[PDB]
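Enquirer: Residue strings, one per chain:
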Amino acid sequence: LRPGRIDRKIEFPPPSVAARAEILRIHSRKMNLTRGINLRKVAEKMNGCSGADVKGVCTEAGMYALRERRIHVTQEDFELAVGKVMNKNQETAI
Amino acid sequence: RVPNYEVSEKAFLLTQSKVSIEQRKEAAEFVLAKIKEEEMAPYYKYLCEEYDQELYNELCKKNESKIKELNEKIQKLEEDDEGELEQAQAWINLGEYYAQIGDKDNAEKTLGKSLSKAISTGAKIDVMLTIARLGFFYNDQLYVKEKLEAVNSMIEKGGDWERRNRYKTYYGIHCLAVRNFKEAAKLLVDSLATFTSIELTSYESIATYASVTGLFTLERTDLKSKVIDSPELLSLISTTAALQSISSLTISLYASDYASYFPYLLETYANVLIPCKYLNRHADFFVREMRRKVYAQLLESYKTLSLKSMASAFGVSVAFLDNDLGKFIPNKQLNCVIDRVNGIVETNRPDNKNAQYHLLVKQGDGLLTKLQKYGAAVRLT
Amino acid sequence: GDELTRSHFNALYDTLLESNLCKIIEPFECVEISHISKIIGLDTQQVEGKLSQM
Amino acid sequence: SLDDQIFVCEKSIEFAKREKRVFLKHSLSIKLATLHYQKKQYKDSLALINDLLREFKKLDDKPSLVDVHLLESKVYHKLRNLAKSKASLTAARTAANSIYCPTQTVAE
Amino acid sequence: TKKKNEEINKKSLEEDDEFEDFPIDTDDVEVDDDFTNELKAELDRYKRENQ
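Residue numbers (the entry's author numbering), protein chains in the order written: chain S, 305 to 398; chain L, 20 to 70, 95 to 424; chain D, 327 to 380; chain P, 110 to 217; chain X, 17 to 42, 65 to 89.
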């Protein structure tokens, strides 16, 4: 922590809401397409602090759809996925 | 795209004289308006024999209107700057019209140009499928087959999950179309679970097909789980007539009603197997199996039966039953004989040691011939 | 009047039938179906048909 | 009986969506699905819920719309698909996470 | 190119091919039992009623 001894220091900001949307997009393609495009709806709702939070939505969305055996990823699936994740984060960070 | 199948299915009932004259002419009323409306003369020429020149002036007008519209539209959108995408969409649009009049020849051309141009990867997969749809319209089995390979070539490169759902249903129809039902029953019931429809034949069709194919292929225990206790089929109830007839035949077999079983076979043949174009081919093939099945179960349960007990349960006479039984016995799926003299039906049903011996030795003969075949050539060389 | 009652009572029939049956076929081989029908208490014909399912 | 119930429901619903505003309206559609159910018209009842459902998810936060979700389960119970009686029981539960519901809503 | 002497000479003794002479001159076995069944059912039913 003498300066120019570690010659570069790099901070990564906490993600932007646009930055978030790009992460959300690509993992959804791996699953099945979000019907009625609700990829935006998540980003409008909250900005994550990390890419892990984003991943958590994905896994969960695909989990309600799994149970059902209906590959479709519906608005109903996304809405559950988000709130469930959102609670969890708050109960650690209070 | 959508109407092309609607027409032909109606037209089929008009074609056949097997159908009742009342039903025939119901179909005649319905189809006639749409011939004129969707301008269906190239396809209609075949069927008309097979069962106005205004239709044509209309064709040619339409041909030219629709033909010209679309032509100069592209001439417009070559100019207007976006060389990959807007020509592509305009070329698709020519093909939309071709597909409308049921001329597949001209469809292929315009959608060819569409493909050349490099556009959205999803879009291409949609086009390939549309060409495979035209194989169902003509109901040429050979047309559907070749095309569905091109679709399967691009699906997994595309890694589209969405149009991957469509693949199932289309490939259902190829295996349905063909005799071999072993691949068909699996495919068509999976598509009741996941339906994605973008310009696609009704959901009703899928129900009708699952039920038949369920019956033919599956054993007793798996029939209950997958067909009888299907939630979709039950939730949709029996609404349509075609669906209704097959449902009654299914319940009775499982509830082991024997009296109404044989009347439902007659019913199913009148109202399910013959209206369908794809399972018209397999009407004979389906029934022969199902009559063997009621018996095959019954003989499992009984060392001996009388002729009168066997016959009477079903509601057919002793003379009729005896005759039907000698037809089925040399295929060796019933493994029983009829003692004329004692009047009993004795059941051989061998699952002895000697039985299992036969099955492995027939596999070994197949391997024996091949060894000789490869060896003898290669030694001479 | 009770649909739910009627369904489980269809099942009961079969389960308690089995419990009876497992006892019956142990000390017998080639027992007359007339004799079996007395033990269970069911009709002769009715016995026949149920076993065909079992 | 049959006659009186259906006609009464018709006249009342019509009066109450062209005079009275959208609030009252979506309520009488719940009643109507319930009242169809008792006649054994279940196709009718399921389509009533479909008419509502999307526009009233937006609005779901009410105990009266928790009941829409309870009712859906029952529709699917009697048509004998227990995949989707199961699913809508779940739906009800999410909107009924607060356990502070009417005693009658809890009992159901 | 090695078998070719032999295959052509062999063929000559059959003479021609038969296969193209043929058009110039001129439920694999079973029959669909639904038709039969139809008739029979009617016939049963009568006797059954009057029994």
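Hints listed in this document are in silico derivations from the structure and should not be mistaken for laboratory results.
Where a beta carbon is used, it is the ideal one built from N, C-alpha and C, also for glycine.
Mixed in with the good hints, there may be bad ones.
[Stated by the list, open to error] Calculated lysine-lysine pairs in the DSS-like style (CA-CA distance at most 27 Å, straight line):
| no. | chain 1 | residue 1 | chain 2 | residue 2 |
| --- | --- | --- | --- | --- |
| 1 | P | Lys183 | S | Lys349 |
| 2 | L | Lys336 | X | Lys19 |
| 3 | D | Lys349 | L | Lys269 |
| 4 | P | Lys167 | L | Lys269 |
| 5 | X | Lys78 | L | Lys351 |
| 6 | X | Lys27 | L | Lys413 |
| 7 | L | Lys156 | L | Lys105 |
| 8 | P | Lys187 | S | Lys392 |
| 9 | P | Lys167 | L | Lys229 |
| 10 | X | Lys20 | L | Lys416 |
| 11 | P | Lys193 | L | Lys267 |
| 12 | D | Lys376 | L | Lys346 |
| 13 | P | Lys166 | S | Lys345 |
| 14 | L | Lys109 | L | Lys37 |
| 15 | P | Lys193 | S | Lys388 |
| 16 | P | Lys187 | S | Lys349 |
| 17 | P | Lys183 | L | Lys267 |
| 18 | S | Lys392 | P | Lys166 |
| 19 | L | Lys156 | X | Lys27 |
| 20 | L | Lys211 | S | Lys334 |
| 21 | P | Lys167 | S | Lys345 |
| 22 | S | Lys359 | L | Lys413 |
| 23 | L | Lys375 | X | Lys27 |
| 24 | S | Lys345 | P | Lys171 |
| 25 | X | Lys85 | L | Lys416 |
| 26 | L | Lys267 | P | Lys166 |
| 27 | X | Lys78 | L | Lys416 |
| 28 | X | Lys78 | L | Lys413 |
| 29 | P | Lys193 | L | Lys211 |
| 30 | P | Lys171 | L | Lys269 |
| 31 | L | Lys188 | D | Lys349 |
| 32 | D | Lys349 | L | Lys351 |
| 33 | P | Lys167 | S | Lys359 |
| 34 | S | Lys392 | P | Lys183 |
| 35 | X | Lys18 | L | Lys53 |
| 36 | P | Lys183 | S | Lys313 |
| 37 | L | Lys416 | D | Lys376 |
[Claimed, not checked] If we take Cβ atoms under 7 Å as the criterion, some of the chain L residues that face chain S in the derived model are:
| no. | residue |
| --- | --- |
| 38 | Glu56 |
| 39 | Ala236 |
| 40 | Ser299 |
Enquirer: Given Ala236 (chain L) as an interface hint, is the shortest Cβ-Cβ distance to chain S below 7 Å?
Expert: Holds. Min distance 5 Å.
Enquirer: Are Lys187 (chain P) and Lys349 (chain S) close enough, with their CA atoms no more than 27 Å apart?
Expert: 38 Å, violated
Enquirer: Has the given pair, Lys20 (chain X) with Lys416 (chain L), been kept, meaning a C-alpha gap of at most 27 Å?
Expert: Distance ~20 Å between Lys20 (chain X) and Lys416 (chain L) Cα, so the pair holds.
Enquirer: Taken at face value, is the distance from the CA of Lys183 (chain P) to the CA of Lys392 (chain S) at most 27 Å?
Expert: 32 Å, violated
Enquirer: Compare the distance between the alpha carbons of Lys183 (chain P) and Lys313 (chain S) with 27 Å, and conclude whether the hinted pair is satisfied.
Expert: 63 Å, violated
Enquirer: Tell me if the straight-line CA distance from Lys193 (chain P) to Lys211 (chain L) falls inside 27 Å.
Expert: 24 Å, holds
Enquirer: For the pair supplied as a hint, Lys416 (chain L) and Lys376 (chain D), is the alpha-carbon distance within the 27 Å limit?
Expert: 55 Å, violated
Enquirer: Does the structure keep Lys167 (chain P) and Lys229 (chain L) at a Cα separation of 27 Å or less?
Expert: This hinted pair is violated, its Cα atoms lying about 39 Å apart.
Enquirer: Just to be careful, I want the Cα atoms of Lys188 (chain L) and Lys349 (chain D) compared with a cutoff of 27 Å; is the pair within it?
Expert: The hint is violated at about 58 Å.
Enquirer: Hinted pair, alpha-carbon criterion (27 Å max): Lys78 (chain X), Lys413 (chain L). Please report holds or violated.
Expert: Given that 27 Å is the threshold and the Cα spacing comes to 49 Å, the pair is violated.
Enquirer: Interface hint check: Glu56 (chain L), Cβ to nearest Cβ on chain S, cutoff 7 Å. Holds or violated?
Expert: 33 Å, violated
Enquirer: Is the interface hint for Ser299 (chain L) satisfied, with its Cβ closer than 7 Å to some Cβ of chain S?
Expert: 31 Å, violated
The earlier numbered hints that this structure contradicts are 1, 2, 3, 4, 8, 9, 14, 16, 19, 22, 23, 25, 26, 27, 28, 30, 31, 32, 34, 35, 36, 37, 38, 40.
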